[PDB]
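Here's a solo chain for you in structure tokens, the form solved without the ligand.
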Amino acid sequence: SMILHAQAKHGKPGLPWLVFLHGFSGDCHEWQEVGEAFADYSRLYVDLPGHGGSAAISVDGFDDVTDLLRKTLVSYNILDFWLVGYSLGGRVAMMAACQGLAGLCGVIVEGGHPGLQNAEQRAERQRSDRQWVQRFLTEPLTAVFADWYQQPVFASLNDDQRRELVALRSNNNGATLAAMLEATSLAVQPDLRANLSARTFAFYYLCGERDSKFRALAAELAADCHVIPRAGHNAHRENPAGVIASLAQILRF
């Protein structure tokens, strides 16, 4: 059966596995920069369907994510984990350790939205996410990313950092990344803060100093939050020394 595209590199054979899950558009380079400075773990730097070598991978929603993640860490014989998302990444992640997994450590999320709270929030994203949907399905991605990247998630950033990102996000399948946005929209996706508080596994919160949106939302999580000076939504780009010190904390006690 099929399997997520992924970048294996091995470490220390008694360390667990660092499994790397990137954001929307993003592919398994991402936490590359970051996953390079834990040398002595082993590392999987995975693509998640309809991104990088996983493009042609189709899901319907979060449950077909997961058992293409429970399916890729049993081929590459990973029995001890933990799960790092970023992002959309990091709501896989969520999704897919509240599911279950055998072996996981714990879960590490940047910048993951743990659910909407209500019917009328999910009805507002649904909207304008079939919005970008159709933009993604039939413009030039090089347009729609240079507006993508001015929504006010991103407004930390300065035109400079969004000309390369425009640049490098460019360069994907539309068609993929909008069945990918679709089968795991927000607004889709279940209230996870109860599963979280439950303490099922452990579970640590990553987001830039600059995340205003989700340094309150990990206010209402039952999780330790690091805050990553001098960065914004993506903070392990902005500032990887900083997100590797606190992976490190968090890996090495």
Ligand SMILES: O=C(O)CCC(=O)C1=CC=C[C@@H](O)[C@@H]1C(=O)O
Contents of the next structure:
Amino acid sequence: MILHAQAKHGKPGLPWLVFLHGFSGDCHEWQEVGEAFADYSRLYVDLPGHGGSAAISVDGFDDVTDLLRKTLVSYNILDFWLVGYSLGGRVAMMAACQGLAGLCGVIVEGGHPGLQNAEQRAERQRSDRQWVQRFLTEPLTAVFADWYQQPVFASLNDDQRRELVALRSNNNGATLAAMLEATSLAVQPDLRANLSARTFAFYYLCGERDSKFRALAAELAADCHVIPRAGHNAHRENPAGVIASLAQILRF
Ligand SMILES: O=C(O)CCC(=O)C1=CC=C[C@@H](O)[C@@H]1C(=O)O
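Please supply the coordinates for the form solved in complex with the ligand, as a counterpart to the form solved without the ligand shown previously.
Below is the entire complex, every chain and molecule, led by the chain shown above.
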């Protein structure tokens, strides 16, 4: 079993850019940005429970990393960057720290490096449990209308929220629920120490208006690129700014 993905081949010999979307996203998430790097090869991955990988279930990050590994081998990818947004950024950090052969760098946009005590983990476990029940029982247009009013999305305007609700409502609530639980921040290790001691290059992207993750990026031992006039999903809101930041990272 491998993950569903869309591959675009660039110049032979150049690295792959392997893109990981966030929760409720799919492999289209990073394509507006990624296709600007037409010289590189691009792999747009559907995470378990998402897109064409809906039917792939996982118990946790170990399974996701294994599936990522197998997917890379299947596409003959030997030299690559992992680029992840939000949940995809957490998947990228977990996989990179567990070890992925051929990984040369990780770029994370708004990915949480991990909670730091039991009370925080309990709060997140309980809140994700509540979201799981909603994804199993409610119209997705209703669930996503609330999803995009969470604090991390406070910066959005109502036109942006309406568009996102319509987009994310194309999803399987049951398989989203399963993945939400399986890779919940509540079960993720605190990766700060591991990230500090990294073999691989590590870069962080954060929207200017994303107060929570601007603070977190500062805690990390990483070059952080703040994307102007953008919230948490900075590549969606300011794709040209993110393309510029990626170009600075990759080509130097
Ligand atoms: O863009 C989105 O709707 C969701 C982004 C995303 O992956 C996350 C948003 C907020 C909490 C988590 O579930 C998750 C994350 O782990 O970053």
